[PDB]
Every structure is written in structure tokens, then in C-alpha cells.
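Just one chain is shown here, as C-alpha cells, and it is the form deposited in one PDB entry.
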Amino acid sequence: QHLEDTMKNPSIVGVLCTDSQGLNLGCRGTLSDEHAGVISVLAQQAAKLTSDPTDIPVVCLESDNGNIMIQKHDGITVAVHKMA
């Protein structure tokens, strides 16, 4: 998907995919298996804040040590660490 492009992206220093089930579905760089659960939870929780099924909720931790962006897609959760 765009997923491949995310993985190939040199502006992104970490990425992790997961499920509502919190399994590690593929990571890279600064994100690893340890983070699966939490990112999963985060995404699921944010999706409880909208009732519109067309929304793609996005959780964004802004930090001086780079930003973390978590999108809840249907069937998959993508987390991205940008050294911005």
C-alpha cells in the first residue's frame, strides 16, 4: 500500500503496524514489538471519540524527541515516528 512508501521513507525513523489485537504486524527503526500493544490501544481509544465510520482517527504525540503519528485504519493501525 502507501505502507511500502512509509517503510521506504527516510524522513521517518520508526514505523509500526498493528491490529485491534495488539500483535506486532511489522516494524522498522525506533519502533519495535514493545510498542505494539500501546499503539494498538491508543488507536482503538481514539476511534471511540468519533461515530463517523468514514473518519480515520489520528493520534499525534508531539515531542521534542520527534513526533509520533498514529492512524487508525480499517483492519490495521499505522504508527510513524518522525524525527522532526
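Here, rigid core means the biggest group of C-alpha atoms that superpose within 1.5 Å across both forms. Residue numbers count along the first chain shown, from 1. Compared with the form deposited in another entry:
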Contents of the next structure:
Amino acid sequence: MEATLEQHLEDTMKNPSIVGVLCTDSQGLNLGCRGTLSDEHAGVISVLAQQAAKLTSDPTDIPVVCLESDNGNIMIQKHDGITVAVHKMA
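Right, the form deposited in one PDB entry is done; let's see the coordinates for the form deposited in another entry.
Excluded here are partners and other molecules; the one chain stands alone.
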């Protein structure tokens, strides 16, 4: 099959609770984003993921990072090599 990140970001945003999504490589390159998460957030998202990884030794035990505030929650995890951040309200 032929799948694109752009398609996947569109699919993800169809979830009514998801208000933003952003993907980066391990050095903060913005691979694509929608909604509340934008170019200015990619570096920070990548640093969070890279710092979290330092707090573990494997096997493949990559910690999920969650951020919670009045403006909702952001979940950051690696999937198939890339860093994925999802913002939900609450």
C-alpha cells in the first residue's frame, strides 16, 4: 500500500478530542503538523522525547511523555522511528 504522513495526520485530526498533532525526527525536524501544534513546538517536543529516553535502558523501553495543564494534555511517543505528539483538550 501507499500511505503518506499527510494522510495519517488528516486521519488523526478526525478524532474530535484531538486538537493538534506534530511529528519530528530525533533532532527536531518538523515532519508535519496540524492544528494547535506547529513549527514553533517541534524543537521542544523532540527535546522532551530525547530527554525521556535518557531515563531508561532498553530493551526498546522508550518512555511515553505526558504533559498536562489547563490547556489540555500532550502525549509524546516514538512510532516506527519518528516522534509523535498529540494534543487533546481538557
